[PDB]
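This document opens with one chain alone, in structure tokens, the form deposited in one PDB entry.
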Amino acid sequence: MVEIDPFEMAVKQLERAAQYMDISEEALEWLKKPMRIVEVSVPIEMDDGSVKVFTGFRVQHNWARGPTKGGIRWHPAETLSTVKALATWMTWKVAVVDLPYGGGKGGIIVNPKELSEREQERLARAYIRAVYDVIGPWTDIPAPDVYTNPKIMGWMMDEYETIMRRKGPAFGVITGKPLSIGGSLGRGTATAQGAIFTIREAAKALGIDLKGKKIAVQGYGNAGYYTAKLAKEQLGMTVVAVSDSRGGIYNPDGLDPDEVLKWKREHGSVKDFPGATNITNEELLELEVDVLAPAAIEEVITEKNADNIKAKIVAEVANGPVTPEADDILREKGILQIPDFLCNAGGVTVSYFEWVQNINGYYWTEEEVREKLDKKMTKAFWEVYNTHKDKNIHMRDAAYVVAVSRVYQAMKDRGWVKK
């Protein structure tokens, strides 16, 4: 259902942004192709006793800066191109906030809503058994993503530890784990906290007081719900509309995120929430708000609605929710955009913190994680902002100049590319 191919779009963005920097042709060709792709068959036993084979992908795009990092997406509409694009974005995501990581991603073409608990556990364990040879605490560190949660992360960690015979830091093979089995404090609200920090910095740059303003959030998952909650709590914002895959609810007077979450859990969706009006995702994206945070499937803003966006700041919590064309239209409209791999870099940052805690065997507190995350996100955002201001270019491009250059430097320090 995607407007354009995700990997093609990602490559187009990379070229469009490399047009504003000095990079050799060979380095560009290296960066336009994932470094390793592994397609595996994942066989599991269903509840009725039959054996079903799913398709799994583990794509690492580059590991010049360090071990690759990226979540695992469970999605019926997933394609290898989507995983390649996500790994490519992961690379820039970890480069922009200066982490010793490369870019990676994983996925399974499956509808998890049609799978039971035992089937989900079997699927996670079989995926680990399939991709064990390309993952590790120093090779490839998976994490939670769309339709995956810390539960599945703990199952995957247990399977990896069983295969690995407890020879090294198995806890560090995967992030977003439960706190009991080597989890990190603040990882649950990581991406939301990073998005909130970036929104606050953007408002500071734009000279806008966020108290009493309006935020519309698309998607009510681990990122969308926590983003709405933190915006209502920390920034003093008024959440006027939320949504999920079945539709959204809008309220001019504001919504309480906890009640909406309870209604969603007790009914399966946020639709027909009391005191709110049912709308579509297309209608929510077009609402008159001060901040719009897409936290759902990619490619939600295209030439079919780019001119209808009326938000002062668009916080791309999701991975690649805006097309380059739509980026040009929004920039022509004077709308500030927080780039996708900079806005939601808080999640990968706290995942890096969890990995450090796991490999060192020493765990931090909430305050330390909160301070380090704030420091990293503020530095990265201000670097990207000053970059886009000095060169008079789009935000997305500027972050690329901040990110790709670092990656480029790594290759020149490894001898991968001579020029």
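The term rigid core refers to the maximal set of C-alpha atoms that superpose within 1.5 Å between the two forms. Shifts are known only where both forms have a C-alpha. Numbering follows the first chain given and starts at 1. Compared with the form deposited in another entry:
Just a single entry of 130, 123, 97, 276 exceeds or equals a 2 Å CA shift between the two forms, which is 276 (rigid core superposed).
The Cα position of residue 328 differs by 2 Å or more between the two forms after fitting on the rigid core. With the core held fixed, the Cα of residue 310 is displaced between the two forms by 2 Å or more. Put the two forms on the same core and the Cα of residue 298 is off by 2 Å or more between the two forms. Core-superposed comparison between the two forms places the only run of three or more consecutive residues whose CA atoms all shift by 2 angstroms or more at 199-337.
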Second form
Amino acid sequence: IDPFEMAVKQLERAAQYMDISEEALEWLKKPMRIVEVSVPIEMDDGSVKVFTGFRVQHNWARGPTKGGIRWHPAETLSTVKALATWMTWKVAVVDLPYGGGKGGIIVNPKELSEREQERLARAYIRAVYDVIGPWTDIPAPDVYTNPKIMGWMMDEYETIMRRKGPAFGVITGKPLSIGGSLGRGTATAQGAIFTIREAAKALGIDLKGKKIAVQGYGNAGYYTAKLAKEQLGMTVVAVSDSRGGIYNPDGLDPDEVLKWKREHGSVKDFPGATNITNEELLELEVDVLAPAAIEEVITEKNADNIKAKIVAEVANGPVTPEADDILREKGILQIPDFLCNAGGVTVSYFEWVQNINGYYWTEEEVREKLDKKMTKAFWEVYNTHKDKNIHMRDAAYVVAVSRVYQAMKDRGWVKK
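With the form deposited in one PDB entry already on screen, would you show the form deposited in another entry?
A single chain, with no partners or molecules, comes next.
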């Protein structure tokens, strides 16, 4: 099952729930520009190896395209195109002046040296310079790619551009020393927490004293649990990793859990915590469940056993459509996967704005702006949910596609 076909099928599913012209749908089913380039670098042994690089710009009706760069040995053009299509709706649902973009290199960075990684980043910039820019296409960190690569890429772009403009704004996720932005580390978790708070508010419930269970204990789940406990006052009762999971009714402190994980190798054998597997955690009775791990974790098999009132899809697509329908029939409020984790792209947009303006904000300003954006986006999606009597995921798709379609119609690209 190809990923781009999956994305197109999802888009058609969304379109049959809204009034959109056929020509606009056909336009949206095709990326507007796809760039495939060869990336030659010099290895440490002296030889020259050529890698395959991609840069897909799905749509730029609303503004310059946005999207990360992946360095994964399993990268394909279909995956990049599907992720660019997903990024279009992701930036549209938050009402950002951005389009959809995505890049990738077919490479295994685990076997590349520090110098070789720098050469790869610089060569990728030298190859895709003609299709990227501060107002054309803004890359971002992604799978197996870190802010250090962002700094290298920005330096190479500035060298090529000869400092004729805001070279800091060409790429986001940069280190603080060079055009970086505060609050980037906790962006996704902050957005997820804000969406969870808004969902609980809408449902008429109090977070203070409520249980939460988080699956996956990476950089998105640990901050989610942390900020949940501080801001929402919720009692974290269960966390899990790929190896295993733990559960303790009284409450878990994520700090020593992460310490233990980064000292033991996994989040298990915690004192007073019962060792449980991911499936037991998923079916555990809680108030908020936040899957922040490998995709497709809530399927039709365990959909009925879920007892969480709110399911926050922090990860990218952890719920299958059939399990999604089952959860909807059970009165479970699902936050769309590309709406819950939209804090990262929002903070990236804030970083781009700071770079473009030459003025940089503080932590509090970034946090309050992110709160405003997430609150407005979630209430828009929820109002569409209630007005159209369609699925929340479907409501988010309707909102995003409606915004993109209006932008296209205003530009005159589509006449209907």
